[PDB]
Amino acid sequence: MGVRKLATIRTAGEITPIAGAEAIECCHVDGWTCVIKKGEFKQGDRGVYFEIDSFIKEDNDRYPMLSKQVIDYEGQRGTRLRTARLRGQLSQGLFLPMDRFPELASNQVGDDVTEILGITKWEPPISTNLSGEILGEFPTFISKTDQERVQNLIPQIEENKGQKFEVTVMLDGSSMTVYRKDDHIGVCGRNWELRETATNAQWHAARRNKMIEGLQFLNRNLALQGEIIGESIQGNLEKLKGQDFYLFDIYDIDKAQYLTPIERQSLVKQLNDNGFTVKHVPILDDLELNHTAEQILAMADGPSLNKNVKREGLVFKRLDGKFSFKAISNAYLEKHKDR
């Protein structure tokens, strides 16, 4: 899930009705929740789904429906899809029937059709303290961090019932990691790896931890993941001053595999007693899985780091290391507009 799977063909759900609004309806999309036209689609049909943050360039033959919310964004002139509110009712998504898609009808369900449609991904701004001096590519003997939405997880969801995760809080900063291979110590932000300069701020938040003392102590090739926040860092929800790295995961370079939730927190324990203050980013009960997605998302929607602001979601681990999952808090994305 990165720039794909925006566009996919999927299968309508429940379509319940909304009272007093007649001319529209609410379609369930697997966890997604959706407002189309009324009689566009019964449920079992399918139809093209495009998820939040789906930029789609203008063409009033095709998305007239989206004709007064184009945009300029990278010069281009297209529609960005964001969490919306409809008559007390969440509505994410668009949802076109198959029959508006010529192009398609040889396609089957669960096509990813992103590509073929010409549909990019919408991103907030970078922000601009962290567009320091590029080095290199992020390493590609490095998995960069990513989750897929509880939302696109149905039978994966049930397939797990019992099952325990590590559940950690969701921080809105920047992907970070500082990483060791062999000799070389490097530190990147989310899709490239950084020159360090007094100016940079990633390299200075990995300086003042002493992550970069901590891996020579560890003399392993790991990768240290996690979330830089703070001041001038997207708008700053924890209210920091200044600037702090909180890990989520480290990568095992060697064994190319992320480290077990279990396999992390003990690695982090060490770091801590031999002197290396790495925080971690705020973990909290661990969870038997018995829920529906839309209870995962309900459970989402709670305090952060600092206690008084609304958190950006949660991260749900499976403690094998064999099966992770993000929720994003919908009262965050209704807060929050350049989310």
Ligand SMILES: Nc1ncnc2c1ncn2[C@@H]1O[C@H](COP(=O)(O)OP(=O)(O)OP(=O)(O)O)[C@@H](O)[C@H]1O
Second form
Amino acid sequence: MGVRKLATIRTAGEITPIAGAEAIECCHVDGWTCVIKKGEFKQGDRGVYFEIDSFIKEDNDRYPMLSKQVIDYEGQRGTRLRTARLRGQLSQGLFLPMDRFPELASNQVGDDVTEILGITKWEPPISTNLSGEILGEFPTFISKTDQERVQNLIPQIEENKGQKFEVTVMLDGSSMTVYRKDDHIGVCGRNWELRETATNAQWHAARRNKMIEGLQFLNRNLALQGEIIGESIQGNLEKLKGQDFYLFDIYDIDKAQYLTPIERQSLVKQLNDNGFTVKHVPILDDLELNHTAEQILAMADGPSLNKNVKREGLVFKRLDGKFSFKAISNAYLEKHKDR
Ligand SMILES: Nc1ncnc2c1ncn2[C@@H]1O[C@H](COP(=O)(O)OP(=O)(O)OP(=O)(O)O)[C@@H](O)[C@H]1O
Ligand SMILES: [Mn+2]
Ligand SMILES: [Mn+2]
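Could you drop in the structure for the form solved in complex with adenosine-5'-triphosphate? We only have the form deposited without adenosine-5'-triphosphate so far.
What follows is the whole complex; the chain from before opens it.
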């Protein structure tokens, strides 16, 4: 969805020493924790925070601390920021003081500086198993699947205290959307509506679980959104044989809004009552929110759909369907260096 805010002006939170490493210290930036050089910031200072996945073009003047990690990526020379562990200290992102960015002297706390600093987004490769023939743009009348990170929602998490959330396991696969709009039924990946052919994985998942017939039956303008997971998709964390679709959302095209967890669970039951075989992402107990970002992140480690593997994380969706976010497990990002 759109353009992610990879580089933004943010405020130095609590600064804590790293025992046994005098030259560095730990800086809290929103719900992120970042290793910084001793002295670069005091608590309350502003800086440009670059999130993990930032791709930072080689620059020995501005980004000398990245020199050793410069790779070749999409025909560009630069550095991919990723989760790391230093001295036993979890570190994610880069935080650089404002006087490194004279062109940002008149900007404000909160501003997105991704474009102006020419930062781009690194991402894992698409499973060429799932790059299909493109029929069309992702429909403008359906929301792309997107969840903000809990680390970026400190004030929101505060505000939602007392609110109840559906908790589901975050599956690591590829987003897929199967929808009906009047006389058209279509299957999309994360970014594009796809043509049906013999080798198209998403179309095949949709036929196999009878989800097009399912949409024909409900006779509503609805987009069924879920994760296609399994063999040859993002390394197959779940150790499935073959591939399959797990629903996580239903988007009401005529109303332009997501269905609430309750409405969504009812439709899935009716679908399955009528023989349409739609599986859902694993649903945990509802959570009454009363937590810091750090506590939410602790919860995110745990078993997956396959209980013998550690999950990518958890997705929280408010019972009214209008607020949601993801807590990616930091254990998972430490275990999986291509994440
Ligand atoms: N239980 C779930 N609830 C909602 N989405 C889920 C769930 N399980 C897996 N997903 C997938 O999680 C994705 C959102 O988080 P994810 O980190 O995978 O996004 P991304 O597209 O890699 O974007 P970025 O990493 O740039 O933020 C959705 O696009 C969807 O495909
Ligand atoms: Mn991602
Ligand atoms: Mn994903």
